[PDB]
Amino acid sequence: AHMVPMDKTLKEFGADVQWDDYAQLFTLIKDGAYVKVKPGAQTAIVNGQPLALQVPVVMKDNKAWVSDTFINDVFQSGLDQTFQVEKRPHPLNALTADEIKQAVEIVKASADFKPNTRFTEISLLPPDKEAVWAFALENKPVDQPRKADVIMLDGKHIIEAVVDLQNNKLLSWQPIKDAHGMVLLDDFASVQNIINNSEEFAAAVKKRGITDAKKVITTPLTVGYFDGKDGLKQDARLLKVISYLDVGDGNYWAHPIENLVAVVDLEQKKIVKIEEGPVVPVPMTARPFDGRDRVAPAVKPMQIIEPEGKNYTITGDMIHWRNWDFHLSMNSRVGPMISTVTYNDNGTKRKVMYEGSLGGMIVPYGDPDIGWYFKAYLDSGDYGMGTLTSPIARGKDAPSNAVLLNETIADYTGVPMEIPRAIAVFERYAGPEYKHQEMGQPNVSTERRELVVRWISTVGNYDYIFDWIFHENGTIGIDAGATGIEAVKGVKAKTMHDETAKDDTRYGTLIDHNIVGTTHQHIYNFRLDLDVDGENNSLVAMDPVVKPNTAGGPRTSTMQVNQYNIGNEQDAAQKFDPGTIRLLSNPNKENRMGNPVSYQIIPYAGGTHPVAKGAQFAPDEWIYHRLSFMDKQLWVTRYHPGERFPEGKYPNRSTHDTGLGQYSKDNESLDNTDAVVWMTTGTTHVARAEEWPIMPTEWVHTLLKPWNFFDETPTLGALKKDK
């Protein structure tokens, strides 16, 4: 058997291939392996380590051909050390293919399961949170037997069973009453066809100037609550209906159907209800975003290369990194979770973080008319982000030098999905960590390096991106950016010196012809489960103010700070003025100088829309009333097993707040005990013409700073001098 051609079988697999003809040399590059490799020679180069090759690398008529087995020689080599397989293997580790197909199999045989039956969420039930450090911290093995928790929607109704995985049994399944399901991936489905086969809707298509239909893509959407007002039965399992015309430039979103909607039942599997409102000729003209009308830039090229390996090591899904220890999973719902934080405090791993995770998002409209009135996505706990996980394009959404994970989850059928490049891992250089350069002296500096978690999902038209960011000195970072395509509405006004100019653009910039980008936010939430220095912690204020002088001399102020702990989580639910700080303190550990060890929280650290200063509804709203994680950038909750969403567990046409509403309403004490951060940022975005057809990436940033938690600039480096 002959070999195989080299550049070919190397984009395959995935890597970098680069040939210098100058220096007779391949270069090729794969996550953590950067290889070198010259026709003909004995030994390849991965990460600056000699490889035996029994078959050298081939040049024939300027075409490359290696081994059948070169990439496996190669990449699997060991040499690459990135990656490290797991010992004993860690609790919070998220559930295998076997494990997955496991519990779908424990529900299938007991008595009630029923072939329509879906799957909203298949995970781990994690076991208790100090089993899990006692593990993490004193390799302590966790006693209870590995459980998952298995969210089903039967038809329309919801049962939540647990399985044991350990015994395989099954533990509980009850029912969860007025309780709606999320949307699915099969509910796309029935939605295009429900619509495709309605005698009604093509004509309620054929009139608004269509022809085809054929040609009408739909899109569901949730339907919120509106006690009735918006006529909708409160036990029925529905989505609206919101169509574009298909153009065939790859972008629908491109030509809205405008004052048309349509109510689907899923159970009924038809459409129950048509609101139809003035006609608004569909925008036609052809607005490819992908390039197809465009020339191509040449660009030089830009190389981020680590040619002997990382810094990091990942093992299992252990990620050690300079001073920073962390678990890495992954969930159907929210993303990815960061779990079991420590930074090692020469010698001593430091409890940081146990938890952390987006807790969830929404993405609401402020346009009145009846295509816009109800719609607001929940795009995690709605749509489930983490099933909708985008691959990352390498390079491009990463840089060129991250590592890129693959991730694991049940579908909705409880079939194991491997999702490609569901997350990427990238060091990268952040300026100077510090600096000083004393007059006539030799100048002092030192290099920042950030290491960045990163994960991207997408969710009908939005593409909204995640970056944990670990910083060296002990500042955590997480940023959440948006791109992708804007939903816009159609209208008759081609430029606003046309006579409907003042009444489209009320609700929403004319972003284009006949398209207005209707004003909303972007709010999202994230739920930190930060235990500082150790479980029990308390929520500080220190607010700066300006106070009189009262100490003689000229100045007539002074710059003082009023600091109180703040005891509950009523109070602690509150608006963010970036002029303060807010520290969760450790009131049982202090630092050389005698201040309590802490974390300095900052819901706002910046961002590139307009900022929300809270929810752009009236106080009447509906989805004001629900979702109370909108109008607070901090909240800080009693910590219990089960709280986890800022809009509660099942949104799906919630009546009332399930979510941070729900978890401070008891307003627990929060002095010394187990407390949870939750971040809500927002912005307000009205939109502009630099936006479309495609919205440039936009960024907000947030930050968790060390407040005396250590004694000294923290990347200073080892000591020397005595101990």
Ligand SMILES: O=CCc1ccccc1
Contents of the next structure:
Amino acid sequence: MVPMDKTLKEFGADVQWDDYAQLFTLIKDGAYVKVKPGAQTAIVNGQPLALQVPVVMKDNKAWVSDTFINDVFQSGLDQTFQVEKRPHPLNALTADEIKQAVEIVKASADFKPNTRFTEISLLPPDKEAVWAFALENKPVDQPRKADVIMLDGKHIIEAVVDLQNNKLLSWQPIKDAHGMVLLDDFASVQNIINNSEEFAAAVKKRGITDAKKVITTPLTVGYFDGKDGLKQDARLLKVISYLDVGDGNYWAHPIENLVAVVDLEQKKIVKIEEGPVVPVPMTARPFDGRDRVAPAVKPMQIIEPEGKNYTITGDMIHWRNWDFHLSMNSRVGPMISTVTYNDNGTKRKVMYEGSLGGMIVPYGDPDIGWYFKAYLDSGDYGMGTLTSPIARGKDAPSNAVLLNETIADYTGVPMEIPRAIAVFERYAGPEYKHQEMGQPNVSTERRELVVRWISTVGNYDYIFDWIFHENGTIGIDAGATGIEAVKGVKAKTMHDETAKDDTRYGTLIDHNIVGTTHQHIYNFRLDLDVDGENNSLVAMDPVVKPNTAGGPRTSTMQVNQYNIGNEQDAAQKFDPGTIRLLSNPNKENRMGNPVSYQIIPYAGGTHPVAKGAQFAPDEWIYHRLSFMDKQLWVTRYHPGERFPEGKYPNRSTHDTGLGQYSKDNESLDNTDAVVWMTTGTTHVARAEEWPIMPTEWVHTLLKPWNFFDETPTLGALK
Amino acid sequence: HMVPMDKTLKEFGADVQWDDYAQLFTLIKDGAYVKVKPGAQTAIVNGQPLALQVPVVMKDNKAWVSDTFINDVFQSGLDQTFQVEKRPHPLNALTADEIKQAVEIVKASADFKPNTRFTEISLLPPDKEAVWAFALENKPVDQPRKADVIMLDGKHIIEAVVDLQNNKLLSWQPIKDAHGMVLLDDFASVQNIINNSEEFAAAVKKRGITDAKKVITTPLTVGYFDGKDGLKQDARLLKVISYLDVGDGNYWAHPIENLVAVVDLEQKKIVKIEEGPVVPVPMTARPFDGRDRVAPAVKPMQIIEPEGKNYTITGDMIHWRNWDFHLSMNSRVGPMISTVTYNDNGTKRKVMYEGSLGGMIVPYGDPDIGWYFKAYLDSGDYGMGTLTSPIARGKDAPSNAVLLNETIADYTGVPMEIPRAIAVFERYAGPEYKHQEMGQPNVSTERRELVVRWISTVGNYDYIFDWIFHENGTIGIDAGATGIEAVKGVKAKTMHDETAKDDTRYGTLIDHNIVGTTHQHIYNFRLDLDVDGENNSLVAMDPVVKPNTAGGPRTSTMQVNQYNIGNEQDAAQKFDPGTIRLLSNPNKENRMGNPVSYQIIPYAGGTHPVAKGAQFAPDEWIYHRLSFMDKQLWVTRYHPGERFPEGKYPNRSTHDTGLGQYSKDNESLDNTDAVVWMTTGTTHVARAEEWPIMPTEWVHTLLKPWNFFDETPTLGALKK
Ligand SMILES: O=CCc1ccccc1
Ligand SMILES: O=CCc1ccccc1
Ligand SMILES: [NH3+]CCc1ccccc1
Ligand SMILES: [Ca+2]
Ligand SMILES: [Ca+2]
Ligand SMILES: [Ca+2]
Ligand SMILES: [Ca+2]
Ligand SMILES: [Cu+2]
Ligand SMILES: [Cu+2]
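With the form solved without this ligand in hand, show me what the form deposited with this ligand bound looks like.
Every chain and every other molecule in the complex is listed next, the one we just looked at coming first.
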């Protein structure tokens, strides 16, 4: 025997004891168990299970078999997870493949000693073959291959390896490309600053008595055509510092106007920029509750005693009429693939691949410590790598299923991220309703399947939800929380002398602290295949036109419809008052309308909206990142175009992302299109967001438009 | 004696769950979460033991309970959700008795008439200051309980005021040129007049209908057209749009297009019949109740609170965490949220004195005879409070909701109790905040929102309104729309038919011979916010990109243009979601010296395309009569008599007697009592996914505290 509570909690299961019913309720992900002390059977998701050894009470402490967890949880009565006998072609590289790929490039004579790995991912099989596997069970007759991007010092080398045949296919150095920031670069920066006599001197000057309490942050320096005095060939990082005061929150203690420039290869500071000295805000501002007592709250549980409505086979998720594949990438995180909607027996294509494209958090302060601050969290730091394990019951509801995902770290060693993604179903008000006067009411509840992922890069914590509605709609929400990057200022209140100058580029949220204004810009890459590969982009602008039919009305509500045939015209601002459809000119619904999906880049948000990039068109960040200034983009499908900010955005000199992908202005008529949605916010801070910011959300939507012939949720006809 | 447990508990409205393994019943009803085992001496109510007079008895697999079981258990007191109000709140809606008292008082007047109906019998609002003194200082309102009694004498409106405290009439004032709203009996009146109309039966017959008894009519207001509609302004009229009953339970899918009868109510006769081209009635059965559908298997999902709720309902007042507010029901606009305060570490701070739906409009864009006049002001012309749709437990609201009953007066002055009129429920809404510092213990707290939901159905539309109190001080207000669309009968079956192009010029072909005529949904909310006091000022904050003048590589910087909006005229405006608009209190600042304020966001998102304004040329009468349709933000000086965006008597109104009127004198909005009005709409272009029934579509608005607090509002009580 072994202690229950002790064993079960080590297993991660939740244990509830009801003294009135003499019943134990055990819960973990998809398993919902009920067992009574002394009973010869138990219940798993509503199904009876015979027990070898009943649960026994010993001194008011329950005890169970050392084989209990296995017999009960691995019984088979929990059908949430099913075995995958035939591995899906888009499955992420396994630990063995990650290690095989690293062995292949290490065997090459060109592999240098301290080489690191910026990314080790699956090389995308051809789209057609993948769809054939998902729709026809047809085997992908092409060897699994992996892209292996290496960083040798500061040099990028792209290699391709054949995993099935275990051989190196190509090794290509990438000229003038800088590598993203890697984990070890964080320590270097701190250690380099620590051993800097000059930096220590510069710090002493600014009031810091003990330099060993100085916390550094590794920041990309961008590109300024030399105006920032930085060598374009040197792998650099700028260091903004803070003072650790023991409140567990060094972000509340900026050392303003002090910027160090570090050369990662020479391993030393190559420039110290000093501005006006500003006393360091010292007041303790912890955010972890160490100085708080939470109010008592009555318990709330969301339960599915019979198990979940979804099934997870390997990485394939099935739920209602939806079927899709969920995989992980170290750079962009979750990838939703081969998405189909089972329309009354027939699976129709919706989206081949969808995922975060890229994002950026640029600032609007010109001072020495802020002008270069423009963060590309996924591109320059790797959001998948920095995935934050979900806090069960808090980051996601209590009826959620938490998945572990595996990627490779910067040294090429497999890394398993526990609770990397959350999958959960939720009530979302009534699906539809009609209370005809004096008649029996008609209502059905709405259910949404949410896939949630949280990544934390430095001070921002980002939340992404991929929401599947029963009626065919797909939502993509992005939430932002965490700690704001603040500027140290002399003003304590708005009544102080410097208050006006101190708050020119941001709100005074605390004494001597200003939350510098900035933007949050998310871009989503959506390779939609509306009921097929070949589609077209159609615009429908609701307009007011003069009445020509006669009668009292002087005007009417009509629609201005027209096709958008090329990439340049597809790159546009989005009017939430207009309609934009990706149609399939080859298929129609029962009424003769082209089956389509309505694209809505902006469906709402809790922070002010970013209409475009808050930068003059002559700013370098603006020139480098075109995707910031347009909410909608549509390009021709290409396997190597997956990032809005380009493949190598670190200190880039020009737009290699969506600016490059659409440069050509190719035809978008009846062909394989890829939609990119850009949605952002302009963040002007307030006191309510300090020391920690309450989650703010933005919403996007993809709605079926005449894709079906009627309300998709009425159900199948008898 | 005893009675069957299931049958009885269902009748009672409780969810009954039987667990065969545990030999345990789980009973849920509002704030009561009960557990009882057959043959047990006690039951459990919200985690507390209750001794039963008669234990549950199991007989031949059937449970039986005492005829007192329901009262003993559900009214035991172990469910503390509801508490008795010891001192009646001054804003409490009129009781059944008061309603009856007010009616007896006006019937005591020598002028009262037999056919006299009541459009609205509602509490006459005490002075704002006294009510606030009661809510904050607990000072008694020594002003007499009065009630407004708006009557309809034939077609004439009469406003009377009765003194309930002294049982006496205070005033009786006729209102000239004012038309009364549509009343319940007008519906029956119209259907009856059409049935007795020899001509209409003839008009219908020639349009392919054989049995005129299967014709369903609908009462629509005619609006105002300076006479172009050839309708006498003085008469009380209504236009009739007809449908054929095919037996599928959905007559809306069987329009009799191009046939409109004008009915004169007091005259009880059809005074005009407009006829257009004959169009075959779409006949195909299109039921929406599932009679012809297969019921897909779905596993159970329950949201439970086994120890009771975190909120308390004393009388009509709701207490939840830091929030305190009063909730009442009005027959015209529905739910009214009053005296809303937020407890800031012991001190109750004012937020909103009174908030509610202002009014709404759903105007169409088709010029033809059966549509050109169609523009519904559901609350104003129909009374949404009166047409409240009882909440369907577990479907219209989550299983962990508490359902409230509300009482109003019907058109004959008789007390009316609406069951499950409003739903109150707490809900998980993701993490309140979160920060995972690398290599450190994670920090997260869950977010909880208290939702107050009301649903009203007027004809074919079903509208849902949620008042969302976030624990961090934010207040959300969402509007959801669902129901059945008003379609136009056309000849085309597909877009390939010859008439398709012309048939779809004003709407999408969503079904064979059926077009979903384009239209808008324009909601307006009257929010009398008193940000930490009555005297406030409206402030604008426009984020802007300005040239860099501080040196360095940057050519531009992100700054803010801040200015005050000193008058009502300048406050009436379009809303750019890229800017910031605040209702500040120039007399109070937070710890950093900033004016305590609330950010007003009329547009925070939606699932349908957003209505940028009224889809009408500036020379249309509806546009003229109803100016609130074109601006998303309005701010006026507080006035107890100004409560509707469309005006107090919108039925056939000739000019704007609402927000156009309330702001016509362009008064000062500097450091005075302000009233915020948010207008938010959608332009609805139909699609097949919305027929035969439309999936709920939503629009979101938001009110966020801006420097109202000194730090993250949910950090918790300071330990030192
Ligand atoms: O998120 C922005 C860049 C960054 C990375 C790591 C620590 C602090 C800041
Ligand atoms: O809801 C708007 C006007 C109406 C009322 C009753 C039936 C149909 C339409
Ligand atoms: N060749 C696939 C990678 C691999 C390596 C070792 C064991 C299993 C799988
Ligand atoms: Ca595509
Ligand atoms: Ca291209
Ligand atoms: Ca005024
Ligand atoms: Ca006010
Ligand atoms: Cu921000
Ligand atoms: Cu509509």
